[PDB]
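The chain below stands alone and is given as structure tokens, in the form deposited in one PDB entry.
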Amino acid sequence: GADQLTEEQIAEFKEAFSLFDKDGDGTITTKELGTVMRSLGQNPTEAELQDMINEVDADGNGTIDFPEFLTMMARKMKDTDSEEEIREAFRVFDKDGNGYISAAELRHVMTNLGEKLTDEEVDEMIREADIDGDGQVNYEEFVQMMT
């Protein structure tokens, strides 16, 4: 849902993040999250606070940065949020929007993104990611292509 947030919503979330981030180091700790929760009448344990962070902790460093905070504010988990971002990346290559990346689409978009590969490199990239062997890369294959 983080992709559906408006500009004013994001600007308000920036103000909120700054109030959570007491020491201004750009990350929210369990200590900082706990302060906020208790100001709102809750008493989460340290384990419950760490779990709130883990649910959005895409990089696994144990703290919330602002992109992860946007996941939290959209009331989403990190797995759904990452799937939204992978699907956005997929759509960049799927120029004709049919749900499959062709060799010509991969060559075209990679070229315009500054990496001009030979026709042989593109065919090789397609074949390696093409699991079901239909000659194209669907979304589920695109995810494994990126791991």
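Numbering follows the first chain given and starts at 1. Only residues modelled in both forms are compared. So that the term is clear: the rigid core is the largest set of C-alpha atoms that superpose within 1.5 Å between two forms. Compared with the form deposited in another entry:
- Taking the rigid core as fixed, one finds a CA shift for residue 16 of 2 Å or more between the two forms.
- The two forms, fitted on the rigid core, differ between the two forms by 2 Å or more at the CA of residue 57.
- Comparing the forms between the two forms, the C-alpha position of residue 36 differs by 2 angstroms or more, with the core used for superposition.
- Shifted region between the two forms (3+ consecutive residues, every CA moving 2 Å or more on the core fit): 4-78 alone.
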The other form holds:
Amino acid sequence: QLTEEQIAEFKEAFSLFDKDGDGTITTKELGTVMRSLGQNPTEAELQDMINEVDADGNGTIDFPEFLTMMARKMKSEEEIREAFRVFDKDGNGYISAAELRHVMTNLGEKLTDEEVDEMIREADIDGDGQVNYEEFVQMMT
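Hand over the structure of the form deposited in another entry; the form deposited in one PDB entry is what we had up.
Coming up is the bare chain, nothing alongside it.
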């Protein structure tokens, strides 16, 4: 159904936005994460993102509000496409090792170059050494 592990994984996504670990996501915290991924929302964009998910209207997102939104969403091409474009920041249609390292570091992941290459090899159906959109979706799917 909605499993204890799936909840746990959503809590992990919540923790990425809740940088100070205080239990709520603010507009400032959201802006931080989005900018760290090379995105650039406006004050107004960030506030409406908060407004959408903040069900009790106190101005911030707690984990039950985040879980509600995330479990609903789980029930998808456009989200996966946005995810791909976050990695593929030069828009050339291929995720390079450098692009992967870029996202990894901003996610708080810490993988060796050998692990980054392992990641690419596992996904790399056409053998070009980079991950195209097709291959990215396949790895995700």
